[PDB]
Amino acid sequence: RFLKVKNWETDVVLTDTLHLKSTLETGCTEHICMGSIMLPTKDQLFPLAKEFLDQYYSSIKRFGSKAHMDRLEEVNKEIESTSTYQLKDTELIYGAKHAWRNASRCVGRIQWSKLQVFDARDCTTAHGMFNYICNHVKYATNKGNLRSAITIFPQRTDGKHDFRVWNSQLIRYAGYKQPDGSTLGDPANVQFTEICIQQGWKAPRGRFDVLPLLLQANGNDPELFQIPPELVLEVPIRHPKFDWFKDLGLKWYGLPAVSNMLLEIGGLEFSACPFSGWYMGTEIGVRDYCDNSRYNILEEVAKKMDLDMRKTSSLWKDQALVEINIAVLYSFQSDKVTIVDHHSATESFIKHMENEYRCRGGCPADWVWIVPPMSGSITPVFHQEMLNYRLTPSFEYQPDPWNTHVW
Amino acid sequence: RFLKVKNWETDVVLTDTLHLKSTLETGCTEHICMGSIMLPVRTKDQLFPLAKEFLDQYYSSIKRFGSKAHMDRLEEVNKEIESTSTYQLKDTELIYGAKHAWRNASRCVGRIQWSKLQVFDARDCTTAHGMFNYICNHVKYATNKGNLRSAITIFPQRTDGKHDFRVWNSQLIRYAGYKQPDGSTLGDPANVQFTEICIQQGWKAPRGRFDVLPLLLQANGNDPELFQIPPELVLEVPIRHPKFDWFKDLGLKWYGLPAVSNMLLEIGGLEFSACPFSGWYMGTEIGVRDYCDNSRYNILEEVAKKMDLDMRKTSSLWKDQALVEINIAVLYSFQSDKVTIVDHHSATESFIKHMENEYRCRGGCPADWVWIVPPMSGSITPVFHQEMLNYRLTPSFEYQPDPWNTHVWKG
Ligand code: HEM
Ligand code: HEM
Ligand SMILES: Cc1cc(N)nc(CCc2cccc(CCc3cc(C)nc(N)c3)c2)c1
Ligand SMILES: Cc1cc(N)nc(CCc2cccc(CCc3cc(C)nc(N)c3)c2)c1
Ligand SMILES: C[C@H](O)[C@H](O)[C@H]1CNc2nc(N)[nH]c(=O)c2N1
Ligand SMILES: C[C@H](O)[C@H](O)[C@H]1CNc2nc(N)[nH]c(=O)c2N1
Ligand SMILES: [Zn+2]
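These protein sequence lines are chains A and B, in that order. FYI, the numbering for the first sequence is 299 to 338, 350 to 716, going by the deposited numbering. FYI, the numbering for the second sequence is 299 to 338, 348 to 718, going by the deposited numbering.
In case anyone wonders, no lab produced these hints; they're calculated from the structure. Keep in mind that a hint or two might mislead.
Unchecked claim - Subject to a maximum C-alpha distance of 25 Å in a straight line, what follows is the list of computed SDA-like cross-link-like pairs (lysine to any residue):
{"#": "1", "chain 1": "A", "residue 1": "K486", "chain 2": "B", "residue 2": "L322"}
{"#": "2", "chain 1": "B", "residue 1": "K469", "chain 2": "B", "residue 2": "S392"}
{"#": "3", "chain 1": "B", "residue 1": "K304", "chain 2": "A", "residue 2": "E539"}
{"#": "4", "chain 1": "B", "residue 1": "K397", "chain 2": "B", "residue 2": "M378"}
{"#": "5", "chain 1": "A", "residue 1": "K660", "chain 2": "B", "residue 2": "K469"}
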């Protein structure tokens, strides 16, 4: 029932009790582990509400008080009557911060409590959504001094009137398939780019074309909007030692802002809730640039370094990989856009584990996602056993809206 | 019930039916994943079904399921169990069992090689001196002057758990570690406790940075005994760098033969507590973990100093830079001395091909992602994007407690 996690580098042992307050399902069984898999009513709503409010009122040290009990009745009277209910601003703020606190795949959670929450529940149109989003981007960007933030659109009702940001991130580059066979721009985004062009977008058909936002309010058909170029902070990528590196003509955006997740608080579902923080360097240098299925530039870089690419054993992919990542970090730092390296981010997470063990009884963590995609074992998270479990409030995946929505 | 795994790089989907033959627990539940947890005498009653499952498997594999030779073998094992409480495997069953224990090792990226394994039957061994002789022969045959060959040596199975054969070393070949009064360590920090035991057993430690440890060997539940492996049998490789001439002056070397000697081999319910096996190294096992773990040789600071890296901010990636040059040095050194080694790109690519073939011919390939993905450059290797299902098949290799923790000393 009590569970131990050990660090094999420092010999330090923590005891987990938070997992008993666990609530959703992992995908695993005692027969088979699924840790490496990417995706595994009035009667339904009240327990969920009760569960959340109980945790809310406990955290402000007001458990079992008159203010607690009255709110429980108030939400109950509202469910039995309206088939749903509304969160107070305080509960909304608390729910969002805890969805992040509980995100077992996020290495940046040391920051969980400094989340700026923007309440967009009064939104009714896609033009309104666009306005809210532009304000979020500008506030979060903050001329390079990035600040975490989330904007929360109206909760799901009958599921026929969902708000959705069709973009998977607020700021992403287009992807175009060509007769050549190869891909121009970002291959992850080819399909969404087809939908933009098919809804009317005039594509510049270049390598780094910032996608338009595709916004759906109240279950209606979505609409296109171009984020003002002056709000999209981008960084050209150069190297501190390699002058030729600029001639690759690489750039990336300063703001990572995930816009396709569903935020679940007290059984209420927020289908549109873009959130943003700041990049860990490997996210761009390792995955975005170096994934076979993404910009896939390794081949091109190692060539410029005049390395022996005859045999895998010269570790030429690995040499190029490190320099690509040196450059990203350097470029951001020199243009003064917040960014964190994987050594620094993992060291912060470990300290954050310790705090959550001592202050909360544990910290849900998904080792497969916490360990950075390069140099894993020279970061302190590699040697750290972690327990993975699902708590609410939470962020969840949801189907791409284009498969679901009807025109 | 069919289960699908996807490769997120190549879009290939595969279908596992093999997990249906799974026995032992994972540690995981519907409510908790234990995926990153490191370490998560039998009755007649329980022994015969285990014998039965195994013999059913063996006889299917040779296409003789339900034959007279199958039925008679079950009858014979049946009788042997009821009358003696245990049973003996035929040579064929032992060979097949040890290959399948390897085939089933879900944390092993080297499994493409599973069917080429030399098996040495040391079930006639009775004494520690007998064990030393078996182990020297294994070391010699496996080393093959650099052209390494996989081998396993199998000592007598457990009886009452009071007469166990054990090799106290965790690997047949490993370097001593010595804790100094000032708190620092000389040699390999991972082996300090074991070095201490050896010294107390009467080993005269030379006290250098790369002292090959002696074998501590327990036969038939007796107190263990010390033996020096003949040095001419210990193939070692001095570490140098193809471009960095100062690299040799770090004084590093490593041994060619990885040979795990602390696992328990389970076949059809029987437990072989001493069963050392060996293969050849993947370069990252020496260059990332052995040299560059903080709790091991920890030469990263020393190497980056000599490269003249900017070591004032982690964000220069000085650590990542040095780690790569060290791993380059390890691969270059083994290849130049003609000692078999595999780099992590080649190993993981091989493993991916193995895995696909296993799904097609066997209906699955249990695989532990936390362990299969290499400890450097994970995502530029094809295992990183590969979903994997982890489950436990027998025959299998299991952890067991260290014998100094359990052993009843006689004197
Ligand atoms: C402040 C700086 C932040 C850093 C450095 C960071 C870091 C990361 C990284 C590296 C990942 C995995 C990346 C990958 O896809 O390879 C991740 C996942 C995730 N993060 Fe963060 N994060 C930050 C802020 C935030 C914020 C503000 C939120 C929400 C409020 C958040 C919620 C999540 C969630 C839900 C996941 C996993 C989603 C999934 O299941 O795939 N993070 N984080
Ligand atoms: C032939 C060359 C081989 C290579 C390159 C290889 C590679 C590896 C590597 C890199 C690991 C992970 C170890 C670590 O990083 O800590 C491993 C684990 C393992 N290998 Fe192999 N292996 C080989 C042969 C063998 C053989 C011959 C056997 C047994 C007959 C074996 C059985 C195992 C087992 C049981 C584990 C998991 C240990 C555990 O559960 O902790 N492998 N292998
Ligand atoms: C806020 C933030 C900070 C940061 N440093 N990186 C990121 C990008 C990583 C990230 C985080 C959460 C969520 C995602 C994508 C979720 C996602 C992923 C896939 C493959 N399919 C879906 N339907 C949904 C990606 C975001
Ligand atoms: C044959 C072989 C080939 C290779 N390339 N690498 C290795 C080393 C990795 C390896 C493999 C199996 C087993 C171990 C040790 C596991 C181990 C760990 C603990 C704590 N207790 C135990 N009883 C056992 C280590 C071995
Ligand atoms: C805590 C964590 O599970 C532990 O450090 C593991 C992770 N993955 C590993 N993977 C390999 N190949 N070898 C190891 O020793 C470890 N250590
Ligand atoms: C198959 C495997 O689950 C998949 O490659 C995962 C592994 N770890 C990851 N880790 C991070 N941080 N991001 C990812 O997209 C993935 N992909
Ligand atoms: Zn699991």
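Q. Which earlier hints turn out false for this structure, listed by number in ascending order?
A. Result: hints 1, 3 and 5 break, sorted rising.
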